[PDB]
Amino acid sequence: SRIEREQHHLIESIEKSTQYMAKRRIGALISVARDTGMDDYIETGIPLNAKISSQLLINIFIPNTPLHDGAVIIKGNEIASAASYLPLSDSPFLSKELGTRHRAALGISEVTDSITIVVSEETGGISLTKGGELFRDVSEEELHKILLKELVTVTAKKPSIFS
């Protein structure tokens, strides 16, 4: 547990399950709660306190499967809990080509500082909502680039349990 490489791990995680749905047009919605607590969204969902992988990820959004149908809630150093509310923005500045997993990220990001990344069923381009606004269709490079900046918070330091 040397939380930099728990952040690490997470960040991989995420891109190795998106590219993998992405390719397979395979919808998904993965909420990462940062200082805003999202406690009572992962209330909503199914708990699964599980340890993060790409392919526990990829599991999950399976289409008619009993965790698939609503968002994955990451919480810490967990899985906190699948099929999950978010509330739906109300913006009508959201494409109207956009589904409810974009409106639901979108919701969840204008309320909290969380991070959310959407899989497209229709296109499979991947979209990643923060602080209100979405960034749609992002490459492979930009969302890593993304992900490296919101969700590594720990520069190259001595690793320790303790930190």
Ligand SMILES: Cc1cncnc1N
Second form
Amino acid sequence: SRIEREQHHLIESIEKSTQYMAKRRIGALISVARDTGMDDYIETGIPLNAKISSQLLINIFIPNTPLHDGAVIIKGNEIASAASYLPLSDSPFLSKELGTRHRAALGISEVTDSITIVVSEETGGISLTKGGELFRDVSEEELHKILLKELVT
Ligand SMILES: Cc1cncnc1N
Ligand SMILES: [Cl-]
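With the form deposited without this ligand done, generate the form solved in complex with this ligand in the same format.
Below is the whole assembly, all chains and molecules, this chain first.
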């Protein structure tokens, strides 16, 4: 179909699912592939090759469920995999109060041009990684403008 419609639907799906999980302190880790490949990391997860929806993203990350423990990787117009491994950053600049999801999101951002979104299960804050930088606890307006700029081409 039309690319721009899928991209805006992707953005709305992330905004809606992360708002839902943030409110309930459900951790999440969602990495959006771009030009650089996430293919090897997709292979580490459970293959879904599913249509993107906020409902599916929420169901994946329910705690103590088969699909929740690891990253979701979106590729093109599909949720490609759940429970994928991402490389963990060894950076000592990452705050010690952040968890493995953040360290994983930082690590993939150091070696891909992917955009990765984290929901902390400790605080509910939403964070974002790109190019080896972390944007910690962004507002809904900040998240919206970042995703517009980064995911709509
Ligand atoms: C430990 C871990 C958790 N989630 C994603 N990647 C990882 N390496
Ligand atoms: Cl967390």
